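Listed next as structure tokens is one chain, alone, in the form deposited without the ligand.
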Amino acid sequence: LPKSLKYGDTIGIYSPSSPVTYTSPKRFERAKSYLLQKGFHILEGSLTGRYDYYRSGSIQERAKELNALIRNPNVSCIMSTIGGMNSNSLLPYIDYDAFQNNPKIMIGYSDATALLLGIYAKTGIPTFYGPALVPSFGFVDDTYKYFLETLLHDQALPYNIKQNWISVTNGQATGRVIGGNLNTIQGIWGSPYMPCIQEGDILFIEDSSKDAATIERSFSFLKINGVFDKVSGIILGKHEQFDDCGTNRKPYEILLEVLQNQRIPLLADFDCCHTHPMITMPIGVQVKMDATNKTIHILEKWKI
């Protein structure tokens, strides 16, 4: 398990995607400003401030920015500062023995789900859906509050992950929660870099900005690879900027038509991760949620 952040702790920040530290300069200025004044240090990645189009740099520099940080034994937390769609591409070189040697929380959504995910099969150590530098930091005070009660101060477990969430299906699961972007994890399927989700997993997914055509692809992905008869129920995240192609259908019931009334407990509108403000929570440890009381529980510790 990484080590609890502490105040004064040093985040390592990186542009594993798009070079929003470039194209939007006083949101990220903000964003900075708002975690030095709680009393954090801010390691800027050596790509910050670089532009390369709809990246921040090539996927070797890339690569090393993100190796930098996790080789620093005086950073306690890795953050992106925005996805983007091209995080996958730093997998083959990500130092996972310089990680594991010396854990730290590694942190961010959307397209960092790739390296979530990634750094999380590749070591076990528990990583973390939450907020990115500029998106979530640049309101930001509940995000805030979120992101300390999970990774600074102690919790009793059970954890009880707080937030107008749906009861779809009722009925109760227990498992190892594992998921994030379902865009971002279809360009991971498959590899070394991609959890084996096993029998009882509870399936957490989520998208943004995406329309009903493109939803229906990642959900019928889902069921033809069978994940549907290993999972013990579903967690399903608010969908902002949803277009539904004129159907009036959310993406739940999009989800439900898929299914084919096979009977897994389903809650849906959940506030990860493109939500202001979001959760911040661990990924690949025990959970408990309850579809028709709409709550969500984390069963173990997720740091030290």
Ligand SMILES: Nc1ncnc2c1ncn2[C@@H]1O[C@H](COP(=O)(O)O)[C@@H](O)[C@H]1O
Given for the second form:
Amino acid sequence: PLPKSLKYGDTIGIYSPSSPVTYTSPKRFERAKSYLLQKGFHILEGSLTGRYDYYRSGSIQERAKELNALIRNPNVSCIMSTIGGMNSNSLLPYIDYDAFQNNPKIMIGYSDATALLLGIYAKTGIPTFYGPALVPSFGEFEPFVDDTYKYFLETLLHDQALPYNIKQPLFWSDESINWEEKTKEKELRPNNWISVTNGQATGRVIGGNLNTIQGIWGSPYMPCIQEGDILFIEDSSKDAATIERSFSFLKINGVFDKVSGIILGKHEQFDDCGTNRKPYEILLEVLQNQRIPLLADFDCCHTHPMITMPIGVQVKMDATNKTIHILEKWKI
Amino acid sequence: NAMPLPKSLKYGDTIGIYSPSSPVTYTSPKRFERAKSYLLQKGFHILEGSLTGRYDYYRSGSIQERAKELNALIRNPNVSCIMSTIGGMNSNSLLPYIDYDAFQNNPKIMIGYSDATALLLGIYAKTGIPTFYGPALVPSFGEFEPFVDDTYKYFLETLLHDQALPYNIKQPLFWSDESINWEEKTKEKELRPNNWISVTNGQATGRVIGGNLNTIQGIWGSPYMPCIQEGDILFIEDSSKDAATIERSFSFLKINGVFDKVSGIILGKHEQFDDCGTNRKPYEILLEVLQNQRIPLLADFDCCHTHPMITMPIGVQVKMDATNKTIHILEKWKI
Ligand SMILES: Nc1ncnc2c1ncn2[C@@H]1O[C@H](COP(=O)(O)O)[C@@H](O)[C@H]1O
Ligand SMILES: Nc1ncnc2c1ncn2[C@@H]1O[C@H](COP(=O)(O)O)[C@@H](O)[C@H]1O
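Got the form deposited without the ligand; could you also share the form solved in complex with the ligand?
Entire complex below, previous chain first.
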């Protein structure tokens, strides 16, 4: 049960399940739309576009109805979050899962939108996409926006023969600049994926933004983690204390006794609290010498550029050799 | 029916202290020395855990080092009460390494709050022995007069004094959440006239489960979180969070069916709440999450980060009267 590939000419429906970014960052919003329109995609603005309710776009009900309208719209190929936030999980009881299951569509975003990507996967079994959100990902200036775009086409639009190899970008940035307007130019940081623990795993990939997962854990909206799953996790803009708590949360729930491997994203603007420790090192301490293949600094996270990763499908990861391959169809 | 219970606390008892997360014994020495002195004066003895004075940036020590500190207190038969120095983020790291069997064969008063919730609930969930949402040494007993005396009174009344049941938990007359007077006193905190808030009318009776909501999201689903059962009274508090964060947490409960099981909610005050401009109160955000579901709710309960602090047993039957703003403990928490 799979969504149709994106085509030029298709309509991307956009919704704001948490922060009211289309209100507070209008320039980046307009740039992001223009970028996609120039590429050849239409943008249907969700009913809360341009609305402001302080920390959020609107009420729980109104946010549900904004997304639902998109889900129920036959004219919309792809559904994309404008931005993350804290509050996607509020929507979960009210989403029209059956409407989605009866007419599957591409569901894309990241960060707080993990609540919905995972919820829709758990309820319908249809793969969803950890990938660009319209404002942060496509409002980005050159050069990085073009790399993210290349990855978005690779996953959603291109014919891809299986296995589909996910390649590492040459450069990245987590630099906190050029939000609304460009001033200076982002440092090209030279890229590497890190072989933290050597080895290989294949199995169904599950995860997204770990902080956000903690807001849906235990519910019907969190897909049950199974023996042999590959855990994919990322966090942004947290400190060492926060990610230790999240790693231990995983440990004590028995997650690391089930997963065959771990893909850890880069951590945008990580605050190491003076320790000079890297996020994977904190994870290693939690793992206590449990030998799970661990590939870190994967470029599907809040750093630019961003890969678009299908969730809920068979993946093969080789930590030693730093490869990610998607083994099963995630689209039509 | 009857169940294991920790011995009441007695004057002269040793209180074991440990730092399962933030290194407050290093970073706030004057509050720490003053908190020690406050309890020493009252007649108690403090046994300082192996990581007292130590500094590992955001934490007191490594996971293993911190498990070691707490386990030595648990195994020490001369310790009557085990009290965290302060919270943080990282208590939940210790849970796979705690000696639950030794706690269980010499149960002690386990007390603290905030991040220590992972430990308080972890020990209850593993051993069935009630633990206590109450003072942590540094924030609670390092508090300057007058509030520290109120906190101390509740601590004594609940843990040392003999109490007939039902045990009425009196509303504190005054409170503050002001952030002054941490290491040293620059002026008097405001004595704010206090009130509990009858958010939604009605009564509930059942086992009280909860603590620091944010912390609970660190242990949720694990063997260390007790399963919420039909009839429970949920007790929750948070501190120094914004509206976005709490809505997430409330939604987290909602989507887990928690509000379908609980007979009532006790919500603590929220220290230094950031409403993000909405002018909304934390219970107003909870209520939206509740939607059309009616649940008796008593809010601004003084078992939280605000001063002063009530000591509340966890895992025991309570009656909460939201309409009349009363809380009674209905079954023994100590012997
Ligand atoms: N006001 C801002 N200034 C600069 N970057 C921002 C701002 N708001 C959001 N962002 C960026 O976009 C991300 C928003 O992602 P999230 O809120 O986690 O979906 C942040 O981590 C930043 O990378
Ligand atoms: N530097 C400080 N200034 C004022 N209050 C503090 C300071 N450090 C800790 N606190 C108080 O100590 C409480 C305990 O922290 P925690 O147990 O981590 O939630 C915090 O909520 C504050 O009430």
